[PDB]
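J.: Chain residues, written in single-letter form:
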Amino acid sequence: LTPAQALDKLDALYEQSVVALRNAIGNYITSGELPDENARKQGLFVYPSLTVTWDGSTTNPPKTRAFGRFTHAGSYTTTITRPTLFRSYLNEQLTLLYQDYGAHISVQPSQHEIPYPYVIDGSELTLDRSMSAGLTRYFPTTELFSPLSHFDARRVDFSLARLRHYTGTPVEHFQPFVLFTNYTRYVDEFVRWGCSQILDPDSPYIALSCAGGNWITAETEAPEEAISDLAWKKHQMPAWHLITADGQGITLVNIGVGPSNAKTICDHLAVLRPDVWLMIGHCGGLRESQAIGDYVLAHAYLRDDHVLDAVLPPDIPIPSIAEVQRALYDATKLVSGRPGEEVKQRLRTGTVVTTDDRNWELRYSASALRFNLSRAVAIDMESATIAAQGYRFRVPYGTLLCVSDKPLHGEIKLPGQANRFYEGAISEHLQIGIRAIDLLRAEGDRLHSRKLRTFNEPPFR
Amino acid sequence: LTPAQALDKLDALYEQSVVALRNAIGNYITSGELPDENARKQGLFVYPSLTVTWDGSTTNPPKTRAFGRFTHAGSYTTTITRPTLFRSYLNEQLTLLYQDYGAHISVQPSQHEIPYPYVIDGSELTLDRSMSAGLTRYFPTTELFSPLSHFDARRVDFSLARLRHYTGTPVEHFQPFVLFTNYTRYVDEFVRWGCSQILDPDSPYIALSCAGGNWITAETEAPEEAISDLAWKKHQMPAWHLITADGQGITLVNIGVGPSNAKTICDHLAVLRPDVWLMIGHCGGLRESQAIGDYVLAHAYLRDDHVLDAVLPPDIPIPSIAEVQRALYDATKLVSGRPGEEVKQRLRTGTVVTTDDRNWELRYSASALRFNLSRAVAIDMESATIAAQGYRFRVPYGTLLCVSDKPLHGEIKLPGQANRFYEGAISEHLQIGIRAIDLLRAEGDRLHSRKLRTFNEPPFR
Amino acid sequence: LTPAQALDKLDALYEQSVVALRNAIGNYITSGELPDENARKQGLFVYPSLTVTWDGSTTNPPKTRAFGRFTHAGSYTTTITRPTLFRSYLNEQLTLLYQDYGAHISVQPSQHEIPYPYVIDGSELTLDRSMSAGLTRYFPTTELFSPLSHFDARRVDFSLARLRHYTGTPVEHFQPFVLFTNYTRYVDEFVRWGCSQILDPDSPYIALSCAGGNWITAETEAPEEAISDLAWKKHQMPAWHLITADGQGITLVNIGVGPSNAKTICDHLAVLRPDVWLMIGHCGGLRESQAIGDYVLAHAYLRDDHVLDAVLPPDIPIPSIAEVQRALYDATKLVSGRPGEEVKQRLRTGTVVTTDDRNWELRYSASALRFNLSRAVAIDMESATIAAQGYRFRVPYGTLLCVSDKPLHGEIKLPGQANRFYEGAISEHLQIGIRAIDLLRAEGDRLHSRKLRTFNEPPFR
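Chains as they are written, first to last, in the deposited numbering: chain B, 8 to 151, 168 to 484; chain C, 8 to 151, 168 to 484; chain D, 8 to 151, 168 to 484.
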């Protein structure tokens with residue numbers, strides 16, 4: 008079986024099962040009819056399954072490439088979902104393993120049923136007690168030789184549902200390059216620059232999906248509902264996507280403050296397999312020489328976030344992705360005016376402490392030791408978590424914070440309070456992040472390295 | 008008081024006390040005479056003391072520079088030893104604080120006596136029980168307003184004695200750029216290249232200090248005792264210095280194998296305030312695609328060495344020094360350069376696991392999890408220790424290992440055993456290290472950054 | 008099957024497989040021929056397997072003996088290697104279980120192939136890239168109901184190779200009684216006393232195997248290459264065997280300094296199933312009343328070596344072997360001249376602290392508490408490791424250190440420096456170790472006790 012072919016068989020098998028499940032649900036709701044256990048065991052409500060086999064015999068196997076490689080010979084499989092949504096990714100990936108390795112592709116019904124909630128489109132069914140009990144009782148509900172991809176169908180549906188809920192946006196609009204912010208003013212500045220881009224006929228940005236629903240295009244009357252206020256009330260982590268024809272835009276998610284959110288948003292965004300995600304937010308400057316408005320390029324993290332300790336012990340080193348670091352560094356040179364070495368007065372490269380204690384100041388003495396020991400340069404509440412998650416899910420990551428205050432030097436400022444020097448910097452900061460993406464986007468495929476690969480790294484990126 | 012002046016008063020005061028102490032000892036040995044408690048309280052056997060004061064008022068204080076800065080106004084002091092040995096360092100450092108900050112320098116007897124063992128140039132004499140007891144009883148011995172430098176006189180004398188004992192070399196010969204190796208063949212290759220350098224009249228290298236005593240210069244008859252075999256029996260960590268007129272050569276220490284030595288050697292070498300130290304050694308390749316002879320540039324370390332856990336918890340991040348990484352990376356291109364390929368096929372940048380268990384293979388299953396979790400790319404026994412020490416003592420550091428075998432893929436070769444492809448890579452490997460040093464040396468003062476500075480970082484480099 | 012019989016069938020089966028594997032390798036090198044998967048599944052490249060069954064019915068089973076016993080009835084098996092090398096051991100052991108328990112012995116091809124590296128005699132092969140790839144690809148490589172012995176064939180071959188590499192000696196020359204030293208001068212003193220023994224026609228010592236290769240016998244011209252200097256450069260842990268006709272001589276290994284080495288050397292030496300290994304080295308005296316040159320008999324260890332914490336938690340008690348303690352104690356009386364209770368002025372029995380931090384002095388305050396809490400009497404860097412390994416591998420062990428300095432009382436000397444008093448004790452010290460061995464050797468089989476036996480202790484010693 009070939010790429011284009013496999014994609015089509017996946018599409019078919021999928022549509023078939025979702026349509027089939029919707030039907031069964033309809034019948035149970037109208038007449039009270041149940042599906043016959045026989046047709047189900049035949050793959051009635053089942054996700055398509057994708058398997059790629061490799062004999063292990065290839066003259067010059069790519070051993071330098073980051074993704075799309077085989078560690079050993081054998082069969083790699085996985086359940087698939089939303090083939091249409093992942094069409095590009097699935098194609099691009101199957102193609103690599105098909106040519107460079109000459110692999111055997113095969114599509115066929117799996118043994119996993121699509122939980123009914125993931126096939127119900129419009130609005131949640133609002134049946135009564137008995138109706139519901141009957142549904143979760145007689146229908147596929149959600150439950151708690169080698170992997171072809173990082174996540175299986177159920178894991179992906181679970182996260183696609185969450186991404187939409189948390190984001191107030193359709194997962195089809197998400198772009199490959201993500202920016203995470205911990206301050207409301209960043210989306211304001213982003214939407215503005217965005218709308219602006221849409222109008223300029225030279226900019227590739229042709230649309231702007233907004234948290235809440237609004238879809239803004241070149242010809243939209245009064246582009247003011249771009250930042251509907253009802254969004255921050257309805258969605259915990261509003262997103263805004265600046266789409267381009269080829270889907271190479273920039274997605275911005277305002278994750279809010281805290282490691283919980285940083286963790287959560289990444290758990291789900293990961294399934295979309297982003298090309299990179301950057302942390303563009305404010306932080307506390309811990310060094311006396313630092314000035315509000317200065318930038319901090321994280322090169323290491325002191326993980327005081329707790330949120331990921333179980334799955335990734337604190338003694339496991341989270342490195343920096345050289346490519347991403349260059350991008351952030353160069354972007355700070357270009358965007359911060361002074362072209363050259365004078366950046367060292369505005370930019371500081373160092374270790375950032377990420378904490379889950381918003382009132383850490385109340386316990387400075389107790390933290391002081393580690394702050395010094397780690398040679399901490401700034402303190403925030405999302406960085407390390409974003410990095411760790413990027414690391415865990417093989418998504419290139421980077422952190423470029425902006426000093427919004429100096430907790431240790433009498434200047435404790437809060438986000439939102441009058442702070443001309445920070446506030447003044449917000450637009451430039453967002454531009455540094457955007458320029459960094461431009462640089463990385465230009466670096467084409469060179470972006471991904473092998474610093475995130477595991478021994479049992481799946482063939483798919 | 009000025010730089011040149013301070014240096015001279017330090018020299019004077021020092022020589023005075025050592026001569027005074029040697030005298031007192033001689034008198035006690037010949038007649039049995041003791042020194043008068045009065046002259047001692049007057050600074051008879053005392054190290055010179057160096058104090059530098061800063062009012063805190065300077066128009067444009069250097070706030071970007073890594074070393075030679077003042078965090079606050081006040082008086083910084085420290086005991087001094089071997090002013091002649093540190094003449095250059097002391098001058099260069101006092102000069103900075105004298106001009107850029109206009110500081111008040113003052114030299115005067117301290118309250119610390121020079122332990123008699125540090126003034127006795129000759130090893131052992133012939134003292135019997137009583138004689139000794141008398142010495143340690145009536146003379147000064149080692150007993151176990169802000170810091171001007173990282174180490175005080177006693178700490179420095181302690182380490183200088185050790186450096187010499189372990190190295191089989193005079194501390195005066197040590198050069199600013201250090202190379203650490205874990206394999207005997209590296210010194211062979213180094214001494215060869217060195218002697219060769221000496222002969223070439225264009226090479227800055229004019230002398231080669233050898234572990235054991237041998238001093239080789241342009242006009243030396245039969246330069247064969249360069250690598251005296253008795254050296255590896257007499258010294259645990261033989262060193263070889265390739266001196267240049269201006270003392271900017273390359274020092275190579277063969278630290279042997281194990282974290283204990285790596286830690287120990289750095290504890291002492293740190294007082295000489297090197298400009299950088301690189302780990303040039305062999306390692307095991309943990310990845311399938313790696314080939315014996317390939318290089319590994321460490322960008323993070325999984326610390327399984329235990330040796331530094333107490334003073335530097337495993338959860339404190341040890342970053343990479345961007346400058347050092349570039350140097351190592353570019354040097355690999357230049358020295359390994361092959362028209363028709365990317366270095367990415369010979370060089371791998373990743374996380375290295377440093378262990379204190381030579382037979383870790385006997386416990387693979389138990390380690391496997393962390394290896395994977397850390398995305399380990401190679402395993403050695405010195406890297407992390409060297410890096411952590413560099414980090415702790417503010418000495419730029421870097422690691423560029425050479426795959427000597429693949430433990431996880433049927434090729435468990437040992438250093439010494441036949442290894443067609445490793446042994447054949449050793450000379451090129453050492454050259455990559457040497458080239459990296461050249462690049463860093465050229466980068467002049469730009470080499471030191473602020474990634475190793477603490478909040479209470481001492482004025483001196 | 009009987010003892011002598013089993014031995015011969017093991018010899019046969021073994022030689023056959025090694026010869027068979029050598030052949031296959033030769034054919035692959037000359038023509039490119041591969042072995043037929045069929046003959047291999049028939050035990051072509053397989054280690055002999057030894058199985059001993061016991062019905063559990065014996066009138067008066069030895070329940071006091073330390074080794075050669077059955078905890079339960081059933082079948083005990085194990086792969087065998089180098090039957091000729093272990094001829095004596097294997098015989099002595101099978102004989103016990105054959106008579107005292109009347110067991111059913113059976114020898115036959117196992118399911119484990121001998122990794123090709125272990126059959127290649129001369130030097131490690133040095134073929135090119137493809138050749139090698141082909142070898143590790145098509146040939147047996149080293150991959151990482169009840170046990171008859173402590174180690175299986177593969178584990179034993181692994182260690183025999185290491186023992187030779189580290190020791191610079193053939194495993195055949197290793198003697199039952201081992202002495203470990205951490206100071207070069209001890210081997211000097213040993214080789215001397217050894218060459219002397221060889222000449223005296225009453226001494227059982229007839230040969231001296233030397234690290235590096237030298238074989239010295241009664242009639243050897245100029246016995247000066249006994250301590251070839253090139254040894255300490257080629258071998259990390261040089262050994263010297265003083266062989267006797269009946270192979271009951273004394274083996275001395277200079278393990279160097281550090282817990283890593285101590286651990287490593289024991290991991291391998293253990294497969295030769297020594298009768299006992301003693302730690303004969305220098306240490307720091309922590310008690311004011313101690314004098315340089317005094318002896319320390321360890322009766323407990325404060326394990327600060329980290330190196331074995333995983334396999335043997337620090338809270339697991341490592342006891343003293345009464346027999347070995349007496350031997351060390353009595354030997355100190357005899358060799359140290361004045362016996363009776365006077366020994367109490369030269370010998371101190373107490374708890375020793377073994378650390379992996381050579382510069383523990385720089386952190387005395389942090390250690391002081393535990394030193395006191397453990398009533399520490401001396402500090403070294405190998406003891407506990409050697410002891411623990413002895414404990415782990417059921418090899419009787421003991422520690423008799425010699426105070427080379429007093430860190431806490433002014434004299435912080437260095438074994439390798441001018442220490443008139445320590446240097447003078449060295450020869451006597453080595454003799455105490457040698458005498459202790461003589462005493463234990465005389466104690467015949469009574470030497471082994473049950474303090475090292477586990478619940479699932481293997482039948483073989």
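Mixed in with the good hints, there may be bad ones.
Intra- or inter-copy, both count: the list cannot distinguish identical chains.
[As the list claims (entries may be wrong)] The calculated DSS-like cross-link candidates involving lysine-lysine, where the alpha carbons are at most 27 Å apart (straight line), are: (1) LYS286 with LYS48; (2) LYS70 with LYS474; (3) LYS429 with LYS356; (4) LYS429 with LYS474; (5) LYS70 with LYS256; (6) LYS48 with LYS356; (7) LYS429 with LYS257; (8) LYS367 with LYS16; (9) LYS16 with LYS70; (10) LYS367 with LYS70; (11) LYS367 with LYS257; (12) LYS286 with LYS16; (13) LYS256 with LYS474; (14) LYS48 with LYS367; (15) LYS257 with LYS286; (16) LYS474 with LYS257; (17) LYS257 with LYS48.
It is worth saying that the hints were derived from the structure and are not from the lab.
J.: Go through the numbered hints given earlier and state which of them the structure violates, listing their numbers in rising order.
T.: The structure conflicts with hints 1, 5, 6, 8, 9, 11, 12, 13, 14, 16, 17, although it agrees with all the remaining ones.
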